[PDB]
Every structure is written in structure tokens, then in C-alpha cells.
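Starting from the given sequences, assemble the full structure and let the hints guide the process.
The primary structure of each chain is shown beneath.
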Amino acid sequence: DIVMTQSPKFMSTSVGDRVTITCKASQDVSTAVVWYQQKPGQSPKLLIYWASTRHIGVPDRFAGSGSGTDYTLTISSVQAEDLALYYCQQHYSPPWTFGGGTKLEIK
Amino acid sequence: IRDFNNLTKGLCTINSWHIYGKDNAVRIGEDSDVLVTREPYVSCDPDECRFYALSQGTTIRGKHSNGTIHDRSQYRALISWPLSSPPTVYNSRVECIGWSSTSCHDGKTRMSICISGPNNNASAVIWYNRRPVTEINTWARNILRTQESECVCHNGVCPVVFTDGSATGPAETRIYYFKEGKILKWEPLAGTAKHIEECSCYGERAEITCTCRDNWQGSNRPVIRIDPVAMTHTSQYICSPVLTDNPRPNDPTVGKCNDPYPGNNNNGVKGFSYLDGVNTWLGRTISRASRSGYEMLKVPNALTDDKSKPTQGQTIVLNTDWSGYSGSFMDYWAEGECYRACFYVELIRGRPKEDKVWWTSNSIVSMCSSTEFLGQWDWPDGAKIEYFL
Amino acid sequence: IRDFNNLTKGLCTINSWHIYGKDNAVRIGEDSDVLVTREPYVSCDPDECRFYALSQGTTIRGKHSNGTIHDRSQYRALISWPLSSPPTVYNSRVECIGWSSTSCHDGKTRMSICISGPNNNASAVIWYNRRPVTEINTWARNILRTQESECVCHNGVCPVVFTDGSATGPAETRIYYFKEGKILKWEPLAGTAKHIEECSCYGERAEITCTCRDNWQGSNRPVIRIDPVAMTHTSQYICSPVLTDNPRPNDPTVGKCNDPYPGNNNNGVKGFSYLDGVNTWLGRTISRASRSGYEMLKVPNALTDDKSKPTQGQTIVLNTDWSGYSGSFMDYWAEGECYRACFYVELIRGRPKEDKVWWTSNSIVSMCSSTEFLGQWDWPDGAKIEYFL
Amino acid sequence: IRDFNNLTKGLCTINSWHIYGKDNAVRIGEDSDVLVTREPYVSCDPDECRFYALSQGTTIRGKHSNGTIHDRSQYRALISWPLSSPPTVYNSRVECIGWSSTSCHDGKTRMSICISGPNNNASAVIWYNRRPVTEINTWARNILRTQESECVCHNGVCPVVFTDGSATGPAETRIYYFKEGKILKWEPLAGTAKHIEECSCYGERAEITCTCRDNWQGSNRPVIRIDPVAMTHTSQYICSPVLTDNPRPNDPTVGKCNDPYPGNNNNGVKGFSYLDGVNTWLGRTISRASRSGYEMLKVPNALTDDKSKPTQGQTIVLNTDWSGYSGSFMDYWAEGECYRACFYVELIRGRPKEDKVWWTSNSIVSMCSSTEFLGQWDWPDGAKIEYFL
Ligand SMILES: *[C@@H]1O[C@H](CO)[C@@H](O[C@@H]2O[C@H](CO)[C@@H](O[C@@H]3O[C@H](CO)[C@@H](O)[C@H](O[C@H]4O[C@H](CO)[C@@H](O)[C@H](O)[C@@H]4O[C@H]4O[C@H](CO)[C@@H](O)[C@H](O)[C@@H]4O[C@H]4O[C@H](CO)[C@@H](O)[C@H](O)[C@@H]4O)[C@@H]3O)[C@H](O)[C@H]2NC(C)=O)[C@H](O)[C@H]1NC(C)=O
Ligand SMILES: *[C@@H]1O[C@H](CO)[C@@H](O[C@@H]2O[C@H](CO)[C@@H](O[C@@H]3O[C@H](CO)[C@@H](O)[C@H](O[C@H]4O[C@H](CO)[C@@H](O)[C@H](O)[C@@H]4O[C@H]4O[C@H](CO)[C@@H](O)[C@H](O)[C@@H]4O[C@H]4O[C@H](CO)[C@@H](O)[C@H](O)[C@@H]4O)[C@@H]3O)[C@H](O)[C@H]2NC(C)=O)[C@H](O)[C@H]1NC(C)=O
Ligand SMILES: *[C@@H]1O[C@H](CO)[C@@H](O[C@@H]2O[C@H](CO)[C@@H](O[C@@H]3O[C@H](CO)[C@@H](O)[C@H](O[C@H]4O[C@H](CO)[C@@H](O)[C@H](O)[C@@H]4O[C@H]4O[C@H](CO)[C@@H](O)[C@H](O)[C@@H]4O[C@H]4O[C@H](CO)[C@@H](O)[C@H](O)[C@@H]4O)[C@@H]3O)[C@H](O)[C@H]2NC(C)=O)[C@H](O)[C@H]1NC(C)=O
Ligand SMILES: *[C@@H]1O[C@H](CO)[C@@H](O)[C@H](O)[C@H]1NC(C)=O
Ligand SMILES: *[C@@H]1O[C@H](CO)[C@@H](O)[C@H](O)[C@H]1NC(C)=O
Ligand SMILES: *[C@@H]1O[C@H](CO)[C@@H](O)[C@H](O)[C@H]1NC(C)=O
Ligand SMILES: *[C@@H]1O[C@H](CO)[C@@H](O)[C@H](O)[C@H]1NC(C)=O
Ligand SMILES: *[C@@H]1O[C@H](CO)[C@@H](O)[C@H](O)[C@H]1NC(C)=O
Ligand SMILES: *[C@@H]1O[C@H](CO)[C@@H](O)[C@H](O)[C@H]1NC(C)=O
Ligand SMILES: [Ca+2]
Ligand SMILES: [Ca+2]
Ligand SMILES: [Ca+2]
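Residue numbers (my numbering), protein chains in the order written: chain A, 6 to 112; chain B, 10 to 398; chain C, 10 to 398; chain D, 10 to 398.
Take these hints with a grain of salt, some might be off.
Stated by the list, open to error - Below, computed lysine-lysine pairings styled on DSS-like, alpha-carbon distance capped at 30 Å:
#1 D:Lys18 - B:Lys188
#2 B:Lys393 - C:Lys365
#3 B:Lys362 - D:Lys393
#4 B:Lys365 - C:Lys72
#5 B:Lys18 - C:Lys194
#6 C:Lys188 - B:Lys18
#7 A:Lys44 - A:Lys14
#8 D:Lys18 - D:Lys307
#9 B:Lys365 - A:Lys29
#10 C:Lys393 - D:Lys72
#11 C:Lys72 - B:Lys72
As the list claims (entries may be wrong) - Partial chain C-side listing against chain B, Cβ under 10 Å, derived:
#12 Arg70
#13 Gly71
#14 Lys72
#15 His73
#16 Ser74
#17 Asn75
#18 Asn100
#19 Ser125
#20 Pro127
#21 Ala133
#22 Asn138
#23 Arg140
#24 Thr143
#25 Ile145
Claimed, not checked - Computed, partial: chain B to chain D, Cβ under 8 Å:
#26 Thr67
#27 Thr68
#28 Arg70
#29 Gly71
#30 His73
#31 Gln83
#32 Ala86
#33 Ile106
#34 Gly126
#35 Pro127
#36 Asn130
#37 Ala131
#38 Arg140
#39 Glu144
These aren't lab readings, by the way, just hints derived from the structure by calculation.
We treat Cβ as the ideally placed atom computed from N, Cα and C, and that holds for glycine.
Below, the structure written as C-alpha cells:
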């Protein structure tokens, strides 16, 4: 099984900044990384698949990046509404393994 | 036929798609000796049509099928077998050795081109009438590659597109014009596409048209039109927002004609399209993200209008089954007023997605144009990955 | 033969039946790679006769044969293989895809018709000279179906009967006349039969005759005579009390000519008959209740006299062995003064009756008319359901 | 072709070697029914080229393959199968029985010669147009032997060399000239070679040339040039210090033309060479000591200059894979100005070196002359001796 590893487990930036969030995995998953965002008391939603393709209606300000084992979601212009847990998820082989989430606190 | 072919008809009115041929190769391969193939195509002779594909020198059930996911090995040939029979160890004919091919018949006999070697000392040999006649070394020493489907001839001239260089960069694609096996001429990629990979082609009214892969930065499709007589050509993109490559972004309301519609990076899948105005049909996977399902959609004037949408569909295979490569072919020698347009769909099985088995192979499924509006079925490879365990 | 055929002879005197060909497909399928078939037929070319049947895309012994009892799947083709060889993965040629067929040769080349799809969006494609040439959508969206045996041609014209609608109701049967693949004409069922299902046919003296299935309310048999030239036809029933469908009631002393002889409901089995006056022969199962045994009985004037009885028999297969479908065929191209009349018998095996194995497949057995009165043997499929466990 | 062949062209410029055909016979034989062969050759017809080899009457995986290391048995035939298919039980054609062969086509049809029997009552039968026409008894009752590769014809005349006597002694080699199957003439070995064993041949400009085995006392190679018209011949050695037999001593700076270059005793391996002046190429194993790897080296003027060295190479197969026999063949009937020169390499597997399996069989690998300087790949048999355990 592939193992999506996330660290840190909490992250904070102020309003208007950039933040970057590290998701890595066991072996080369060939960019097939998905990003979700789950805001407190809400379903997750699909941000990004193939580590870079923004899903319908997620804004330009969420950028996808990665390769091999190593992936990073970057948010820019950190709005007040961006506090949530971000989750990565492998989609190269079954079973689809998710990272453990990362809290984004806005400083 | 003792005289070379001319493309003298145009396409017939494509109003639905009937079934032409489906080998059940993987269902039959849990118990006959079928070879592990990948990259299929189907190409006709004046006297028969036959499926083709790259072999991996091992049967589905034998021990050496473990790892057939590797694209390139010195154990792969271009093999043919009769329509809807399996590529089996005993009915399969070998055409030429190596890991990327393209073959087509010139009216008189057939040409077949095989590419071989290491990634930086790879080499093409153009066979014609089952004898080797020309060889081509790499011009850029990075995995020299050609069509993976039927090439098309007019008056003794068959254009082949090749690409050598990277599927991430700028790569150096180069169109050749063979006649009877020899290099008549060749040309560097002219026109607007960024990168050209792996085309599938067709012919109507003395024009050879090709739909291809922008594996570099495109989710839309570079298309190459070749004049077999002038031995000349352009490239451009399909204007329609209905994107056919895969992985894909969502479909825009307004796609782009002359540059890669962006969203996905360094990834593609081989695919086709019939571009004939009001009578245009675009095939694409149902999945945005992976090779699942196959849909055929009428999108009138897709190549030109940058705001075109489907006016009709047809599901070749459900999103809950698997798809893969797709390319076109036509029975050029087939009595009538026009050309019955056809395509195949590679059904891929095994790894990386169904990883419980250590192999990867596939099935052909194949349809041709019916002018009547026929009802639709959807066409699964059909095997249960659990009986091979 | 470079010129279309004409039916210019009449039947030869049928005085006994010799063996023509029996594949031992199921006996050979416990150890070679035979495909699971069902619905066989046998049809000749000017140059060879070959068995046909619908495949189920899997071998007897492979794991996907489990459940081949399902009539319809997108994994069945019409396949041919040489006389008395098994339909094996490696010698079997595919003719066209789908679950109900009918094929015949017009003197020049052969036509083959395959029906496909879901029950309410099924579609027929008429192949001719191994190229598709016509397609037909459903006219009533309920399991569009055609002969399951050899169709017959005269002067370029080959009648096919089709049925779409239910085998419980009124259904809409429709006779087509193709020539070279195109729809020449077609006709709705004219004459006295209630429902027409699944015919088998033959030709003598410029007349194509057909014996069929009244799956609705008949234990006697609707018979269709077609004039290939006038492109016209009638339906009626076999008058004789000797009932040939199965399941069956006991035989009356006086059957009925113009309506379904009643007793059994919504059930049948495909079967044939040679209707030629004093020289008439009716095949039927020995079992009243199920597909066991096959008997051929001389019943002189069976089609007309409503009080006709056997004057002679011949057991093709014992009641303590299994039978199944049956249809007719003739070597139209075969030197002589008259037509040697022939038939096949599907030997069905597996489920639902021999349910210890999870599959259902069969054997052909086949006989042709001998004018001498030859001794008789009875001809078992032959396999032991216990060696597959 | 209805008229006998003439050798009217010379060799083409050999600047690199492309791939012509490789069956993956041993990789496919862990799961299809492939026969255990050894001693392959490849010879063309006007209409097709096909691989040949001696069979051992058993499949790789069946129990009787245990001990196929024994050269001679009354269970071996000369069999052919299409290019790059495996010699499989079902596609393999038998040519004639016995344990040493040589076959070639005379323009009109083909001859095939098989030798058979015990070592001291062995016998050759020359088949021609698949009928036996001449027989030859032993002239020295010690394992009468002929080429193990394509023999070559000119104007109806095909020289064959045979040897009977020991591969340790003086043995009695004898050149025959057949025409249409009959003994036209024959000659005792004339010229400077000590012992002649097992030649491989070729033809250019009305000359049939042969490179052979000095199994007696030579690590260099006796070469026989035959004038098919005069029906006459000489023997000599390859002058070049690059030694091609194997096992081998190190290469001298100055080899010897007219006597066996010494170092190794009673051992050899079948091998070839194209001797054409500046355009000469010598194939040899990479291993000094055993059958590993295969290299092709340009050694200009090798037959004559006693101080010649490589000016260019090409590795056919790495030293860390296995090689074996090698002989030459050419598509004599192949359109062009010159002769595309070709060779095969027997990939041997099993015992005695990979002794974990009880059998010994092999693969063909085969290349032909490219005038362009193509990149190189190396071509492994490919099977894992561990999946047969
Ligand atoms: C008997 O058989 C007949 C004949 O076979 C049946 O008729 C055919 O049935 C088809 C299904 O109804 C029908 O197809 C549809 O035709 C319309 C034209 O009015 C066409 O627009 C439809 O195309 C969309 O639909 C499929 C899903 O059902 C999509 O997967 C496909 O992409 C098309 O949708 C996308 O296209 C546009 C741009 O993407 C958007 O407008 C649309 O929102 C959608 O976007 C999403 O999907 C994309 C990929 O899935 C993705 O990239 C994007 O980001 C979005 O996620 C469809 O073709 C045939 O027209 C009809 N033909 C005929 C002659 O009748 C009949 O119903 C059967 N009857 C019975 C009793 O069985
Ligand atoms: C050597 O070989 C030769 C040549 O092969 C042998 O000669 C042949 O042998 C046959 C057996 O004797 C013989 O057949 C019989 O011919 C008579 C004419 O005189 C014919 O009526 C017979 O037909 C009935 O018999 C079988 C059972 O044996 C039935 O299963 C069949 O249905 C026929 O019976 C039914 O028909 C009528 C209406 O149904 C009724 O009259 C009758 O009661 C019966 O009813 C029941 O059966 C039905 C189905 O089984 C059912 O639907 C109904 O409800 C009832 O339940 C039979 O054909 C051949 O004529 C004869 N031919 C020649 C040239 O000789 C020879 O004997 C062999 N000799 C040696 C030494 O081996
Ligand atoms: C892309 O592909 C191209 C085209 O394929 C590549 O180019 C080819 O690459 C070859 C490898 O570099 C090259 O071959 C060499 O050419 C020289 C001429 O300048 C030739 O002398 C070389 O031959 C010796 O080398 C091999 C080992 O590498 C030996 O195993 C062989 O025997 C030759 O060595 C022996 O020969 C003499 C007498 O024996 C001695 O001078 C020498 O010391 C040596 O002796 C030992 O070896 C014997 C057996 O191994 C043994 O009996 C003796 O006792 C000693 O132990 C070699 O052929 C091709 O010329 C070149 N061709 C072209 C057109 O370029 C290119 O590099 C590739 N590029 C990329 C990016 O992949
Ligand atoms: C093909 O067309 C050319 C003109 O484009 C003509 O000269 C040639 O003979 C034609 N060949 C055939 C078989 O139609
Ligand atoms: C082959 O498959 C086996 C299991 O069947 C697997 O463990 C092994 O790593 C695979 N690959 C190779 C090169 O053996
Ligand atoms: C078939 O019979 C018709 C008359 O029904 C005739 O015109 C035609 O040429 C005949 N063809 C052959 C081959 O007998
Ligand atoms: C297949 O056969 C097995 C036993 O061999 C049976 O238990 C199963 O229900 C059958 N059907 C399917 C769909 O697996
Ligand atoms: C072969 O050449 C000879 C002269 O060596 C000539 O007489 C003969 O007819 C030729 N045959 C062919 C088919 O070239
Ligand atoms: C055959 O192989 C077996 C093991 O598979 C070996 O023990 C035996 O000695 C071999 N030779 C013969 C003649 O049986
Ligand atoms: Ca792309
Ligand atoms: Ca009935
Ligand atoms: Ca030696």
C-alpha cells in the first residue's frame, strides 16, 4: 500500500501570504496525487488531481506541484476562509491512501 | 490489388456506430495461450482486415508476463492475427521487431515500420513486402517513436510521423513520405502544435488527416493534415472545448485553436477524431482523470469553431469499465460510394490499477460508421482479475 | 462459383439417413482449448461445408465458462471451424459479433448477419463478403432475433426471417429479402401462424421453405414458404398430429392446420422438417417433456393431411442421451440430379439439467439423406460430466 | 520463381546490422507448447524466409525433454516454422528425419538433406520438392555430418559439404554438387585445411563461400570457396589474428593463413564470416572460453592479410548472456542492386551450464546488413531458468 505522509500537522500564516504543504509517499506515484480541503463541519472537496489540475471552480490561487514521491499544495493570498485541514491522496494504485491532514491556522 | 490506392471518396455520413470486431483476448487468456499485447491497432489489406498490437513475448498465464507494464524490452514484435481471434502463440504472424510501430498497405503490398534499440541508440527499420528495405537512425537519441496505428497511403505514398526527443520538452517530430519502402522525402513539424506524439490517421479526398497527443502541455489535440501529393503539411489544434486527451481539465466554453489548451501537464493518451465539418466525431475517455469508458460525440465543426459542443453521443464503454488507447482505421478497399469510418479501443488490464496480478495486457473492441441511427451497447473487456489468482 | 446460385433440383428420395459429421467438441474440451458454443448450424460454400455456432468467449475448462447459460452477452460471435473439428480457440474464424445469427452463401460469396445490443436497443448488421454493408435497428425493441441456421439464396436473393417483440405475445416477425447485402424488400408475417420464431430453411425447385417455432401458443410448427423471385410468402402450420416442437402434449389423431395445436404454453425449441409430399420427414425430440433424443420420422404428406402418421423411423440419438436445437442445411453446390437433404442436432450439456458443472455448451451431430435403407446408430455427445469436477 | 537462381549481385556495404527476426521461443515455452530444438538456421524461399532447427521430439515443458543435450537420437527432424514464431507443436512443418541437416532452395523448389542412423551406419537422404530422390551411405562410418545452415545454389547447382570420420583426427570431408536432387559430382577436400567441420555459406558474384570449424587443431577458421560452375573448390584459413572459433587462445598479432592457428584442441563451435575485402565482417563469441556473447567486427581484408585487426564493432549479445552456434543466410530473392547479408545466433539454454533444469534448448536472434550506421542493442534469449522449477 502506498503511504501518504504529511508533516507538519499544523501550519500557520497570515492573511494575504503563501503557505505550502508537504505530502510525500512511499514510492514513485507518478504525479497522481489528489488534494482535498475539508473545512470544519463540511464534506471534503476536490481541489486538485494529478498534483496540478485544479478542479471546477477552485481558484487560480491554489497551485499544484510535485513529482516522484514528493508533493506540495501551495495556497497564495491566504484568505480568512482558508482555515481547514488539507489532505493528500495517492491515486496511482489501489488502495488509495490518504495523508493524515494538515491544519492551516491563520496567524 | 495490382495497382496502388488513391483516396477518391470522402467519409460516409456518421450517424451512429455499429460493432465491427472485438477479440475477447483477456477472457480467452485465462485458459488458451494468448500473448500479452499492448498498443493495438487494426489495419486492412485489399483482402482482409486484421488486428495488430505490440507483443511482450510471453503468454498472459506464463511466468514471464510478470512486469509487461514495461513499454520497452528487446522481446516485443508487431504481430497480426485474424479479426476477432486472440493474438495467440499459434495464430499470430510476426511482422518486425521492436517497441513502436505503424503499418499500412499501399494498394500493392504492405509496409511495416518497427523501431528498436536502447532509448539513445534506437533505430527504425521500414519493412515493405515482408523484406527490410530502409533503416533510420535516431536524430535526437531520445526514444524514437512512430504512430501505434495504421499509416495511410495515396498513389504509392504513405506518410508516417515519427518523434524523437522528449515528451516533456520540445521534441523533434519529423513527417516522412515513403514510397515502395524508400525515403522519398521528409519534413520537420510545421504548423502550430507544440509537441506531437503518437498520431492516428485517416484518408478522404486525397488528404491524409491525423489526430495526435500533446504529451507536453496540452489537453487538446494537435491535428496534422498531409497532402500526400505535394508532400507537404500543417499542424494546428482542435478548436472545440470538448477536450479529448486524458487526464483532462473540465471542458471550457471556449477552447483554443492554435495553442495547447492548458490544465494538465506531461501526460496523455493516444486518441483519434474524424474531422469532417458538420459530420465530425470526437472520441474521448469518460473519465477526466483516468482511462475509463469511451464516448463518441458528434461536435459539428469541432476543428474550426472555438465554441463547439456535442449535438449527439454514443458510449462505447462504460466509465465503470476500463479503456485505453484509441486510433482509427478504415477499410480503404471496400465497395461503395464512401468510406465507412472506424476506430478501435484498447481495453487495458492488469497493473497499475488492478494491481493484484503482476501483468498488464488488453483487448480490442472496434466500431465502424452506420448511417442508420442504431441503438447502443457498451463493450467491456470482460475478465475477472480474480480468476487469475 | 463466379455466378449466383439457382435452386434447380428437388430433393432426393429420403429413405434413411447416413452420418455426415460429428465434432466431439465436449469430449475434446476436457483437454484441448475448445470454446463454449451454443446454437450451432452448418452451412456450405461452393468449396467447403463448415459448422457454425454462437461462441461465449471462454473455453469449456477456463473459469469464465461459469454461467454460459446466459443466452446474451456482449462476448458472443458467430464462428466457423472446419467440419468435425472442434470450435477451438485456434482454428475458429470469427464471422461477426452479437447473439443471434444466420448466414448463407449466394453463389458468389457469403452473407452473415449478426444481431447485437441490449434487448431494447439491439441491432442487426448484415455482413457480406466479410465486410459490413447494411445495418437494421429494432422495430419493436424486444430482443430482435433471426434464424440460428443457414439462410437460403436464389438468383442473388436470400430471404432471412427476423422477429422482434415477445415470445409470449404477438411479436412482430418480418421477412427480409437481401441481394448482395442490401435491403431489396421486406414483408410483415403474412399467413396463419400466430407467432414465428427462429426458423430453419431449405430450397428446392425455386422455393425456399422454412419450419419454425411457435413459442407463443403452439406445439405444432408454423411453416413459411417463400418465393425468392416474387419476393413474397405464406405461413401455415404442419397439419400432422405427430407434434415436433417440445415440450409437447400427447399426439392427437387429428392435428390442426391453420391454428396452433394447443397443450403447451410459452416454450419451444428450434427444429426442422423436410416437407415434400410422400417424401416428407419430420424431426422431433423423443421426450415429450425435455430435450432428450432425436427421431426422424417419415409421415407422408404431413404439411397437408390433418390425419397423418409415421410410416418409418430413424433414431438419431437415444432418449437416454440429450438433444437440443436442430436445423437444416444442404450442400447446394454438390454434383448430381437432386439435393441431398441434411440436418444437424445440437447436443446440450451442462446446466440446467446436469447442474454439477457451472457451464452449458454442446456438440454437433449431423446426418444427410441416403436413398439406400441403411442401418441406424444412435449418436451421443459422449462426455462424462464427472471428469470436469 | 519458375527458373533457377543465379548469384548475380555482390554483397551490399555492411556498415552496421539491424534486427531481422528473433523468436522468443524459450520465453514462450514456459507456457505454450514449444519443441525443444537445437541447431537453428534460417533459409529463404523466393516467397518467404523461415527459421529451421533440429527438433528433439518433445516440448520444453514435457517430461521427455529431460536429456535433450544428446545430439543424436532417432527422434529429431529438420522442422521449419514462420519467421519469429516459436517452433511449436502446431505450426512447425517437418522437412525430413535425422540429426544433421542442410537445406536450400534452387530457384525452382527446395532441397533438404537429412542424415540419420547409428554413428557407423548413418545415411543421408537428399529430399527435393518434398519427395526423397537420393540417398548417400557413409564413406568412413563415423558420424556422417553436413552443414547445419542454408546451403547455396547457382544455376540449378547447390554445393553441400559433408564430413565423416573423426573430429579429433583426420576425417574425410567431401563436397557434393547436387542439381535437382541427383549427384552431379563430388570432390574430396582440396586445399590447406586440416579438418573441416560444419560450414555456413553464402553466395556473391557466382561464387559460393563457406566459413567452417576446425574442430581438430584450429582456433582459426578453414574457409572453402566453391565455383558452382566449374564444380571445383579450395580450402584455406582466415589470415586475421582476430580468432573467431571458441574456445580460443588470446589473439596473436600475426595469425596464420595456411595452417591451424594453435592453442586450443578438439573443440569448436559453428560460426560464419563475410569475406569481401575492405568490407569484411567476422562474427565470434565475446568469451574466449565459452559460448557467451556475440560480436561482429569489421576486420578489413581478414581472409588475406595475416596482420589484420578490427576497424569497427557491434555487439549482438552481451558476454553476460549466452550465445551458441551461428551461421549465415541471405534473402537471395530480394529486390535491389546487392545482397543484404545476414546471420543468426543460437541462444543456448539449459544444461550443461544452467544445469538446474534437465533440458537444453535455444532461441534464434537474427540480424541483416544496414548500410546506414545504426545504433546497437544487445539481444538476450531472455528466460529465467528459475521459472521452470
Ligand atoms: C437507445 O440507443 C440510442 C442510440 O445509441 C440512445 O440515444 C443516444 O443516447 C445518448 C445518451 O442519452 C445520447 O448522448 C447525449 O447526447 C447529447 C445531445 O443532446 C450530448 O450532449 C451528451 O453528451 C454529454 O453527456 C455525457 C454523459 O451522459 C458526458 O459524459 C459527455 O461528456 C457529454 O457531457 C459533457 O459535455 C459538455 C462539455 O463537457 C457539457 O455540456 C456537459 O456538461 C458534460 O460535461 C462533463 O463531462 C465531460 C466528460 O464526461 C467532462 O470533460 C466535463 O468537464 C464535465 O465533467 C450525450 O452524448 C445520444 O445523443 C443519443 N443518440 C441518439 C441518436 O439518440 C437512446 O437514448 C437509447 N434508448 C433506449 C431506450 O435505450
Ligand atoms: C437395423 O436398422 C434399421 C434401419 O435403421 C432398423 O429399422 C428401423 O427401425 C425403427 C425402429 O423399429 C423403425 O421405426 C418405427 O417405424 C414405425 C412404422 O411401421 C413408426 O411408426 C415408429 O414410430 C414410433 O415409434 C417411436 C418409439 O419406438 C416413437 O418414439 C415415435 O414417436 C413413434 O411413436 C409415436 O407415434 C404416433 C404418434 O405419436 C403413435 O402411433 C405412437 O403410439 C407413438 O406415440 C408416443 O410417442 C411420441 C414420441 O415418442 C409422443 O409424442 C406420443 O404422445 C406418445 O407418447 C418408428 O419410427 C423404422 O421404421 C425402421 N426403418 C426401416 C427402414 O427398417 C432395424 O429395425 C434395425 N435392425 C436391426 C437388426 O438392428
Ligand atoms: C551507439 O551505437 C553505436 C553503433 O552501434 C556505438 O558504436 C559502436 O560501439 C562499439 C563499442 O564502442 C564500437 O566497437 C569497437 O570498435 C573498435 C574500433 O576503433 C574495435 O577495435 C573494438 O573491438 C574490440 O572491443 C571489444 C570489447 O569492447 C572486444 O571484446 C573485441 O574482441 C575487440 O577487442 C579485441 O580485439 C583485438 C584482438 O583481440 C585487440 O586489439 C583487443 O585488445 C581485444 O582483445 C581481447 O578481446 C578478444 C575477445 O573479447 C580476445 O579474443 C583477446 O584475447 C583479448 O582478450 C570494438 O568493436 C564500434 O566500432 C562502434 N561502431 C560505430 C559505427 O560507432 C556507439 O558507441 C553507441 N553510442 C551510444 C551513445 O550508445
Ligand atoms: C492513382 O491516381 C493517380 C493520380 O493521382 C493516377 O495516375 C494513378 O494511376 C492512380 N492509380 C490507381 C490504381 O487508381
Ligand atoms: C514477479 O512476480 C512476483 C510474484 O508473482 C513478484 O514478487 C516479483 O517481484 C515480480 N517481478 C520480478 C522481476 O520477479
Ligand atoms: C439463375 O437463374 C436466372 C433465372 O432465374 C438466370 O437469369 C441466371 O443467370 C441464373 N444464374 C445462374 C448462375 O444459373
Ligand atoms: C461461478 O462458479 C462458482 C463455483 O465454481 C459459483 O460458486 C459462482 O456463484 C458462479 N457464478 C459467478 C458469477 O461467479
Ligand atoms: C542462370 O545463368 C545461366 C548462365 O550462368 C543461364 O543460362 C540461365 O538461364 C540463368 N537462369 C536464370 C533464371 O537467370
Ligand atoms: C530425468 O530427470 C530427472 C529429474 O527430473 C532425473 O533425476 C533423471 O536422472 C533424468 N534422466 C532420465 C533418463 O530419467
Ligand atoms: Ca495531453
Ligand atoms: Ca412451441
Ligand atoms: Ca576450433
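| query | Are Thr67 of chain B and chain D close enough, Cβ to Cβ, to be under 8 Å, as the hint says? | reply | holds (6 Å)
| message | So, as I understand it, the hint says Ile106 of chain B touches chain D; can you test that by seeing if any CB pair is closer than 8 Å? | response | With a closest approach of 5 Å, the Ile106 of chain B hint holds.
| field | Status of the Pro127 of chain B interface restraint (C-beta, 8 Å, chain D) | value | holds (6 Å)
| message | Given a cut of 8 Å on the nearest C-beta pair, is the interface hint for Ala86 of chain B held or broken against chain D? | response | holds (6 Å)
| Measuring from the C-beta of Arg140 of chain B to each C-beta in chain D, is the shortest one below 8 Å? | holds (5 Å)
| Should the interface hint for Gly126 of chain B be scored as holding, given a Cβ-Cβ cut-off of 8 Å against chain D? | holds (4 Å)
| said: Given a cut of 8 Å on the nearest C-beta pair, is the interface hint for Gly71 of chain B held or broken against chain D? | reply: holds (3 Å)
| request: Verify the proposed pairing of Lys393 of chain C with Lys72 of chain D, using a straight-line Cα cut of 30 Å. | output: holds (28 Å)
| request: Would you check whether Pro127 of chain C satisfies its interface hint, that is, whether its CB is within less than 10 Å of any CB in chain B? | output: holds (6 Å)
| Against chain D, with CB atoms and a cut of 8 Å, does the hint on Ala131 of chain B hold up? | Holds, because the Cβ-Cβ distance from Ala131 of chain B to chain D comes to roughly 6 Å (cut-off 8 Å).
| Can the hint on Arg140 of chain C be confirmed by a CB-to-CB distance to chain B that is less than 10 Å? | holds (5 Å)
| Are the Cα positions of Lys18 of chain D and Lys307 of chain D separated by 30 Å at most? | holds (21 Å)
Violation of the numbered hints given earlier is absent; every hint is satisfied by the structure.
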